[PDB]
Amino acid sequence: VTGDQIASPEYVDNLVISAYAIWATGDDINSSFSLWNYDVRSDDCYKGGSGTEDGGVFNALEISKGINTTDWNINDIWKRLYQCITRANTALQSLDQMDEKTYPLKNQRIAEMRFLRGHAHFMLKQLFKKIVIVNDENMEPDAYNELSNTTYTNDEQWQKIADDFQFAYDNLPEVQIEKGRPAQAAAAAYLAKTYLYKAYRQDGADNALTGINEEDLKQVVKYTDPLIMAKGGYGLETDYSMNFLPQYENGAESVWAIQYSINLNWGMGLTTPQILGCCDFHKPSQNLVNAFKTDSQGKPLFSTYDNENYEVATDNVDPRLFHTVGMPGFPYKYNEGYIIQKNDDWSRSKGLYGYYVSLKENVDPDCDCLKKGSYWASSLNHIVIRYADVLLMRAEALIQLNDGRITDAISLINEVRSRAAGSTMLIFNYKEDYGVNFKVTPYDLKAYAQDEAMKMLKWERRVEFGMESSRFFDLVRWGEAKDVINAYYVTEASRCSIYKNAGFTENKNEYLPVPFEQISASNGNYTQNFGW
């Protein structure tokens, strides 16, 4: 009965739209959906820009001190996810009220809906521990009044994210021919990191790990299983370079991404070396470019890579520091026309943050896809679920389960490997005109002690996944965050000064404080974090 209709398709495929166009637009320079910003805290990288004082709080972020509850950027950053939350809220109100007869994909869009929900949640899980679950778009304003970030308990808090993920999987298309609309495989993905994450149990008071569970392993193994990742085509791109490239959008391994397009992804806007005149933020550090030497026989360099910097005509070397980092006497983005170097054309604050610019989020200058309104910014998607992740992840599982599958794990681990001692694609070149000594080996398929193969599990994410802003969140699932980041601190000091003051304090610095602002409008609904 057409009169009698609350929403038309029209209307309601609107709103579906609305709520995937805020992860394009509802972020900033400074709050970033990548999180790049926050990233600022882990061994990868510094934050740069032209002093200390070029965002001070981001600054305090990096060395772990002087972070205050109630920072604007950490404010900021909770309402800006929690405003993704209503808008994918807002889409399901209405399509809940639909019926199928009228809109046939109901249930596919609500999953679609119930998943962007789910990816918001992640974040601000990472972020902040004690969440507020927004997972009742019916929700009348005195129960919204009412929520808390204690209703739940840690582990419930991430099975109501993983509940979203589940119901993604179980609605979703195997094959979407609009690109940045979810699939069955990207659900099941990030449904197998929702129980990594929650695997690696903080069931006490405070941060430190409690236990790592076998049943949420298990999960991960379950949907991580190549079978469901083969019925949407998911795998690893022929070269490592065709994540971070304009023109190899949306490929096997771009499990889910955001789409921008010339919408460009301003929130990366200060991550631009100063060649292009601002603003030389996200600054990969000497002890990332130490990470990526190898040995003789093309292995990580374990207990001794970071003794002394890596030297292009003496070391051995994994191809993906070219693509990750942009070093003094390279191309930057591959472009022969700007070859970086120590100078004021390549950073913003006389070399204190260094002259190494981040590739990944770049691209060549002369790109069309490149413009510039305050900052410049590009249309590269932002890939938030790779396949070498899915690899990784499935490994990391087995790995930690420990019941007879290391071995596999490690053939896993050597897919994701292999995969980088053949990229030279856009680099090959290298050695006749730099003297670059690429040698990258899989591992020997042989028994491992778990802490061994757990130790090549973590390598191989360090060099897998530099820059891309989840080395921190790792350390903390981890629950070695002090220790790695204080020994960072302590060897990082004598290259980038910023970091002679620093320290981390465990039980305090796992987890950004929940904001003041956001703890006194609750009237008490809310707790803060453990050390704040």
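Under this definition, the rigid core comprises the largest set of C-alpha atoms superposing within 1.5 Å between the forms. Residue numbers count along the first chain shown, from 1. Compared with the form deposited in another entry:
- The one residue among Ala205, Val175, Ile339, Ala143 whose Cα position changes by 2 Å or more between these two forms, with the core held fixed by superposition, is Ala143.
- After superposition on the rigid core, the Cα atom of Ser8 is displaced by 2 Å or more between these two forms.
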Second form
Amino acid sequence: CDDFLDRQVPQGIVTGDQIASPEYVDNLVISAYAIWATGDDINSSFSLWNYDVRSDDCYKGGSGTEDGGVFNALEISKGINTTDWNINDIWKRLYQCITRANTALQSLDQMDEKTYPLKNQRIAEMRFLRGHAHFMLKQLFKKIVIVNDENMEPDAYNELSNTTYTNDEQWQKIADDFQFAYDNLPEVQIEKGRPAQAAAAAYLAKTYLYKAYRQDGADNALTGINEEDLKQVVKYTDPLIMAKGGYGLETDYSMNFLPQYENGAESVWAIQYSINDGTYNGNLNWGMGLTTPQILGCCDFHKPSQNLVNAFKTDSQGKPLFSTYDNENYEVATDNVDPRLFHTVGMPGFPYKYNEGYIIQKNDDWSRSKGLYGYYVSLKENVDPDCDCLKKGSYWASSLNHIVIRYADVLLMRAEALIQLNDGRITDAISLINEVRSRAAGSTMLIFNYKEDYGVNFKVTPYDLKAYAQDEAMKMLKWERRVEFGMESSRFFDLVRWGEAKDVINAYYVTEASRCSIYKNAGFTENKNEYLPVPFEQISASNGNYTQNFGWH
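I would like to compare: after the form deposited in one PDB entry, may I see the structure of the form deposited in another entry?
Here we give the lone chain, stripped of any partners or molecules.
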């Protein structure tokens, strides 16, 4: 009677052998783009705002320090544990991205180009995704596992080890993917979710940059700057490639952070959050669920630091105050300010995201903490409350696209590599800086009246195309990056690339302790805190194959 235990089969399911069949293959491709909108969490955004509170840009926020207590530890650099659930989380999650990319490659690789004249184009897409994941995994941890054999069987995974490659050799493997993506992506994607060739380039460069500040030793301190790495950053940022895909700078900065201008000509590659789309409440950007202003009732995380509000001050010559900005807090009526502030930090006495029927105040309705973490709001990931694109599920989320690569990044990175080459192309790097700066200059759309109605005195001026010292050109480069990327989670990562993590962060820790009291007992341990630890649960479960990070053992 064996004709009896075979009668039943799985319901609503593809079993495993069938997934390899090709009719399911564009399903797999799409499923791998999806997770980037559908696999993050309130506490573990794939924008990594959570783990940029370490930077001198932002405070945790919320009720008090007892709320999300493990992110307070990070913010101050004390109490961080190799077992903290939040870190083991971000690990597990970004490797969940990869499963989808490799499942897709395990079938893409087994197709027929004659039958599928888009095989190489969609292999570039999956490898490009897999890159994007390893890159953020490298930023957050340094000593990552490289999972890049799409045909690897489940039990081969037990013997994987994060030491298999060296530091340069891991960056190189993260390059090897974007390089393939560049050599096989179309110059335009009629579906903007897919990266264009220029998108795989910018990343390819960005990867070489972080590879250029070599930490070829045992600890996280710099061991030299590689010029062959930098020559590659100057290569794949050439405007002749970026023209070939239609990319450039927007007329007005604010356009990169408004739902009305998703996918403009500065959005080199972005996650496509969407609503009214069949999903329970939307493929919304649920990762910014904590950083919605307290006026909605929760939760006032991701609050911008005064140190950032001040770094927009300018002299009467329209330049940053490179050595005097933090002495006295930004005073609206006396100081010349950079316009980029009013798109990054919503300040008290001002409208919350241009909607002047929501003016920010110093009260229960705008600080969940009674002023502990301040009275400032991050504007970039949040929107107008009257938007038809903001819903409430568990937290408040929108459909605002999250950009991974802004063309400004391309320009500044290019300027960075040029300056660091000191081959007389410093002037060219300056000229690139002036493209980004002169843009922010005119960006007074939506805020032109501010001069009369609030007394704000805009004044930003580009630098003079003369000679500059390599230490001097870096100084300005760093600053443009500081003002151009406020609250975009790049900031902490930038200092670790530069290797001045300990020096800058501790100096922020003393200046800011008079203004925020959570920063009193804080302190950056050098050669340890440049990178999160490797999760104990993971090292534990590798039965000897994993190695901890320096200074965590």
